[PDB]
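First, one chain by itself in structure tokens, the form deposited without this ligand.
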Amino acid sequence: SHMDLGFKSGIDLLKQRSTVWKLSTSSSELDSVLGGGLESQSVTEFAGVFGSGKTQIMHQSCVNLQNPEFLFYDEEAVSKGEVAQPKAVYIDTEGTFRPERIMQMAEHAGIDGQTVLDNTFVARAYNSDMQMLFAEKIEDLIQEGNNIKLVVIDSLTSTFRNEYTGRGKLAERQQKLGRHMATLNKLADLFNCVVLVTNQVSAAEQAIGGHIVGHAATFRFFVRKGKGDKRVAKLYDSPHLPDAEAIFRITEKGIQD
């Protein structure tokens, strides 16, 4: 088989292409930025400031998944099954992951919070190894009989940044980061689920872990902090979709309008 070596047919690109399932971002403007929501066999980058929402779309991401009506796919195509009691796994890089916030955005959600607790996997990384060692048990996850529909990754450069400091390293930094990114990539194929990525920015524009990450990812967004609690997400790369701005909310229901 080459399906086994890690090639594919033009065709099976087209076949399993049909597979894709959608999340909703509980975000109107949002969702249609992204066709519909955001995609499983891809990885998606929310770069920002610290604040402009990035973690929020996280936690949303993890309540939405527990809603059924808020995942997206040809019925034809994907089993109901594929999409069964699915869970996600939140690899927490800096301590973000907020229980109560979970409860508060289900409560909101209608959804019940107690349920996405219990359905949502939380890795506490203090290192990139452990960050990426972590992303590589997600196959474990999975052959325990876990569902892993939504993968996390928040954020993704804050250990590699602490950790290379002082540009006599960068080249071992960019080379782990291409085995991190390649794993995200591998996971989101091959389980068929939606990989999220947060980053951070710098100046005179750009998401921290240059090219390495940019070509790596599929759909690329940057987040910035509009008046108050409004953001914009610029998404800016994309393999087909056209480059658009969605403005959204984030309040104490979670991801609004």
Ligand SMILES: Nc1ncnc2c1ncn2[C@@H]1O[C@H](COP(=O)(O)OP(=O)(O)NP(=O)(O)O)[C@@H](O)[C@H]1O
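Numbering follows the first chain given and starts at 1. So that the term is clear: the rigid core is the largest set of C-alpha atoms that superpose within 1.5 Å between two forms. First, how it differs from the form solved in complex with this ligand.
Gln16: CA moves 2 Å or more between the two forms after rigid-core fitting.
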Contents of the next structure:
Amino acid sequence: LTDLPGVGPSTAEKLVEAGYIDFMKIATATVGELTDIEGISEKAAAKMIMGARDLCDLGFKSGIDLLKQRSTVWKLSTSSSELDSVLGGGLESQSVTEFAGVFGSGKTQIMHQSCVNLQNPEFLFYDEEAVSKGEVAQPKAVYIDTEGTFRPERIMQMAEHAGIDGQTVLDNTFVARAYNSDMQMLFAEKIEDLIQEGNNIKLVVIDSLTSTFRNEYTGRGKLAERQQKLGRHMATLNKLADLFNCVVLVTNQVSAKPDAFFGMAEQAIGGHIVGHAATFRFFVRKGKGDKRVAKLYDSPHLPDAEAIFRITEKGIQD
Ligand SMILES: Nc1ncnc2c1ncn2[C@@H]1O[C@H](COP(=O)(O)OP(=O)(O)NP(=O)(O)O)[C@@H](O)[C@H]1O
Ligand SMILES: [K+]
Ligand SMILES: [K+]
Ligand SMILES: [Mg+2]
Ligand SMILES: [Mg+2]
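Coords for the form solved in complex with this ligand, given the form deposited without this ligand:
Everything in the complex follows now, all chains and molecules, and the chain you saw is the first one.
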């Protein structure tokens, strides 16, 4: 921290108390959020921000550099060949991918399966040149349970079938039971503290992303209030995925209100704010028995595609 221009041991002690130890945290901070700190002036604030941006080499990039920035994105396998394919390889770090769908479509199963696959090094796809082994060593996950449906038994079960040690997954997965939107948002914000404490958080799950907001801001005459809170939450999930190069996953519910992308009739809740904020948007449907269909309907560079898979005692497979 003292490498930053206009930063001595005192200011450095103040920056750490305020939770600003990461250079990126500072390079992407505002002179406003920094001044809220004690003896940190406006000039000293702006100087360190410029210093951090610089040290982090945050400027104009072109040519081959653009490809290298993109190479820092590692992906998490979903245990489904078709799904990973449709995903362009797997679940992307530095992005928010949402799985919306009818009850029992397996949104929760996907969140669980992921926490498990995150503990199998061969399920993290990356380019050693851009992403070092250390950066993805001892990966941990954060599961923000919004409805109370986290199931350790399922983690254990899915773990065994993967040939992994269930308890090992439970030991490297933090679970936070959120009872409302306020808790949900604060838990997400405190994920930095888990990292600050040495936890290599590489997976973040918000299940469910919207159920709380919808129950709290029922009268659509407060929809603006909801959209606002929800928008701040989403920005936090996005910045989190970027700075700590981890994958963020969220589940969403669907409403009767139509929205034809084909057969359709339903649509993920959360309105526009969720739509714009989510990097990859899926619609999971149920087929015969344990058959499921995940329909990718929005992403920045991939075409819309359906992926077929199943939910068995093993978790996700095929
Ligand atoms: N141990 C298991 N063995 C086989 N199938 C299972 C097992 N556990 C769960 N399932 C399947 O998973 C389905 C439920 O998946 P789930 O992830 O809860 O869907 P969901 O989208 O999260 N539902 P909801 O949150 O209410 O909208 C069940 O109804 C079972 O068919
Ligand atoms: K249910
Ligand atoms: K549920
Ligand atoms: Mg991103
Ligand atoms: Mg669920």
